[PDB]
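In what follows, a single structure is set out as structure tokens and then discussed.
Apart from one protein chain that is not included, each protein chain of the complex appears where it belongs.
Going by the order they are written in, the chains are A, B, C, D, E, F, G and H; count residues from 1 in each one.
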Amino acid sequence: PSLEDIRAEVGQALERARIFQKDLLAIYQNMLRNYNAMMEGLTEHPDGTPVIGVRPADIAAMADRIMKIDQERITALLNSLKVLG
Amino acid sequence: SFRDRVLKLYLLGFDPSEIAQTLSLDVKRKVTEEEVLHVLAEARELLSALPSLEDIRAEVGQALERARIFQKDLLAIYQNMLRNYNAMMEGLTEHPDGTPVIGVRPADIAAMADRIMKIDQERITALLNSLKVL
Amino acid sequence: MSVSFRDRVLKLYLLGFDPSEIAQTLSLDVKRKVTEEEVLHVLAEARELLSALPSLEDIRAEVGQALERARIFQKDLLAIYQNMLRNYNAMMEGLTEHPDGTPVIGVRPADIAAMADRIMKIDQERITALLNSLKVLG
Amino acid sequence: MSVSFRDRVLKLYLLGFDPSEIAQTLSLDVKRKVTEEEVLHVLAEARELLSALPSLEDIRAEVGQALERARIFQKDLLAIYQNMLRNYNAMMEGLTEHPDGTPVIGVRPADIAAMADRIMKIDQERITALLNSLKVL
Amino acid sequence: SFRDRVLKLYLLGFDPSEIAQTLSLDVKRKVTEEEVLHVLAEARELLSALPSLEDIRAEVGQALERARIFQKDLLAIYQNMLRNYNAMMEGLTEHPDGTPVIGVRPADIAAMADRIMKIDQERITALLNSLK
Amino acid sequence: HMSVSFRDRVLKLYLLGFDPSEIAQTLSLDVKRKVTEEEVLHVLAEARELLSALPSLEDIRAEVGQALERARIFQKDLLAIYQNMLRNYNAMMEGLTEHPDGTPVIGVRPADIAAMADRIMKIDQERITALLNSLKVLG
Amino acid sequence: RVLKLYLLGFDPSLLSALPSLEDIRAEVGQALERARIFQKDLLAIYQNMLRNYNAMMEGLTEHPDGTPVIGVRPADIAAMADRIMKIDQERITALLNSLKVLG
Amino acid sequence: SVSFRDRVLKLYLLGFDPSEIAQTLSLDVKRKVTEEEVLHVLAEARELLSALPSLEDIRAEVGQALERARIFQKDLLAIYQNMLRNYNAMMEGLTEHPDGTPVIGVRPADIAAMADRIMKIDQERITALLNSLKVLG
Partner (left out) sequence: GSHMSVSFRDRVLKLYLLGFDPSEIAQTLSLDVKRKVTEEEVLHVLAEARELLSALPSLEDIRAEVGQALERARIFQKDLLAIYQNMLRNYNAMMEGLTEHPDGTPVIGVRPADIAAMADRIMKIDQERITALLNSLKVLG
């Protein structure tokens, strides 16, 4: 394996992590949707589906998982730059 | 768009043969395994490039803005946790607007406060690090 | 178009909406039909602005706002800590109800210590953040 | 445009209300109509003030206050610790009720040790903070 | 004493206006915000002084005597736990003195031993620093 | 490979915590003769000496390669499972107890999905990268 | 009676002075001895844990002496072993450190 | 003689005191084993245990540890495959495999945890092999 093989693996990993991040971002909006519905007393959404219970801590934990993906991306990009100097 | 879709399926576990047949049925034309391998190899070259520090800063900036959006959500949730706590204290099972008072523990409020404060901390750390690379 | 328009393209990109979804959602707020290509170009302009080196003066402003936000929470937690002690002492003297008619809620010594710790950490974090602002000069 | 007014603008901004919500929430309180632009200006001036370089002397004052606050908590925890022992000792010799009629509440040994450790950690953290304010010179 | 009570209420979470109102009613005169802020400012000035290392040895010292007292409590509890474990091992639900057998896990006993040992370790370390 | 399999079987059972006498009595079946406690102790002493040998660089390269092969496999297994978790999450979100193929909808929490995503990202970014960097360094 | 009550958090209504190296050496010695005493207690408990695990393996709810078989998990036994081995390790570290700094 | 001494050492290291050891071995083979015989055996054991390892001894330990971990890895790999098998059956409705054995449900997190444990054995193996060159011989 060359240095270009390992940089490609990292680049591909970071691109895959962006896919996961996007899935989690969609889940986070579902979590808010359910929370805000539970707040204003609905037991059922407009679409007929049930208002699922969501704890504030779960929402903050999801936000953190999403923010950590950015951080890990930033750290990986910095570390590949560090091999020069 | 075709180059992006090939990459995406490769990254979700599809091998180049499977990508060739799957994408042959999305568009009209028959694409080959070798054409998929060529498209992936070109994306590998792009993805293997050394990043620029300017691009890294743009990622920090975007990440920090994303964190601010979440932080604003959590700040609203925090107010609603206090509303429910201050109601739960007064013995109410029900708010003035009729919605139920949800149970909230002291630890949960402290934990949410900590989550919001950590977002400020991470923002300051990331900003200082962008300067520290000088 | 506007300052608010570019802000909303960024927000929706950062919430995970793909370009075409951002386009349609913004077409409703203005006269024209916003396209994918107009969205990608506003996003790329936003990335350009976000690549700027920070100002340490601006960083100190973020520290100040963060520490002030922490003082607000700290004041909330301090009141909650007193409520926790009120519950604990009512529990100690055998009461199911407070003098104001409200229910006594069960509180463990570990919960009270944890809350005290959370409050003390906020001071610690303030001191650390203030010191880090001076440390970066040297 | 008072200090009580300006502090309230900053507080609501830090609690997650946007400038227009802040404008309206201040408008309906006083016989007055406050704008967004005015709220934005107050916040901008608060950022300028908050961008000041800190003072190590002020930081020592924060360390002093933090240690005093920690003493207050340590005193509360010491009292709780004595209650825990009282209940453990009563629970040890069979009782469900103290001399004065108050109930014997269940205390585990691990809880007593954990509380002792919390109290001792406040002593230790006192010293570490005192050493750091000198060591930063 | 008035400066201490102002500081104390501030540190318990009262804002300067709440301190002013509540203390006005206690001392029977208009105590104003300006006065409370001024009294807090003075209390900060005293607290902003550099610590002496002769004082830091007094704090390093009194920590260790308090820790000794806790250690002695924990040691007595540790004996109670073993007494309970050895009874519960050999079938009993009641001790020689009529007091009940209370359940104890092996892990609980080990954790308590570890707490007691940690106090000795912390004492040694802090005695070495009390010379340093 | 009759003496080598006997040697390996003795070591394996020693490494799984069997008494030398239990090893002797067990392996007497495999080799159709009365193996003694003294023999297995001698076999273990000889195995100890062999295991004190240093690995060659080629030994290590092969070990790294076998480990890289395992990591790729695990990464693909978890990707399929992750997608099945999303399928279940989405079905659940729209009120279905049953999938289009007649199989039941199993409950899945947002945290479970995030955790699985992290498992996969750690394989990509830590496990595989470290093994690749070891291959490079070894030549 | 006087100082003990102050340090336990009651209000009224030298200990700042340095110890000798001799005293610190004595403190180290006593700590290590106390640890040996605890170690011996845990070793006996470890044996009773295995006896219970072994009876639990053979379906017994009662040992030969009539006493009840108490449920023990493999993780609990491993953890207890770990506690006992840690006391040894902490002894070795403290002994080395005493030669470094208290000779 | 050799089995006898090993058993004295074992019981000592298990927290049995010399008097108790002497008594328990006096019954194991019927003769009055003294405390002073036990203490002589244990003093001789301490001497042997005091001996430093050679570098060769350490390499052998590294080698045996690698092999032990490999044996565990293969057990874990077999358990992983089985957990997969049961995930994919529980997925498509089933409560019984083709061979009659029951389907036992498995959580995704548990499958991922097992993968991670197997890969952890791998990084420990590679680290130990590399440290065999960089640290030993």
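Rule of thumb we're sticking to: contacts are C-beta pairs under 8 Å (C-beta built on N, C-alpha and C of every residue); 3 or more make two chains touch, one makes a residue touch a chain.
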**Asked** Out of G:2, G:14, G:17 or G:99, which is the one that touches the chain we can't see?
**Response** G:99
**Message:** Touching residues of chain E against the unshown chain: what are they?
**Reply:** 71-72, 75-76, 78-79
**Asked** What residue numbers in chain H mark contact with the hidden partner chain?
**Response** 9-10, 13-14, 34-36, 46, 48-55, 57-58, 61-62, 64-65, 68-69, 72, 75-76, 79-80, 82-83, 100-102, 104, 110, 113-114, 117, 121, 124, 135
**Asked** For chain F, which residues touch the unseen chain?
**Response** 16-17
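Throughout what follows, only the chains that are shown with their structure count from here on.
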**Prompt:** Hey, which pair has more contacts between C-betas, A-B or B-D?
**Reply:** A-B
**Complete:** Separation of the C-alpha centres, chain A versus chain C, in whole Å, is 18
**Message:** Nearest whole angstrom, what separates the Cα centre of chain E from the Cα centre of chain H?
**Reply:** 43
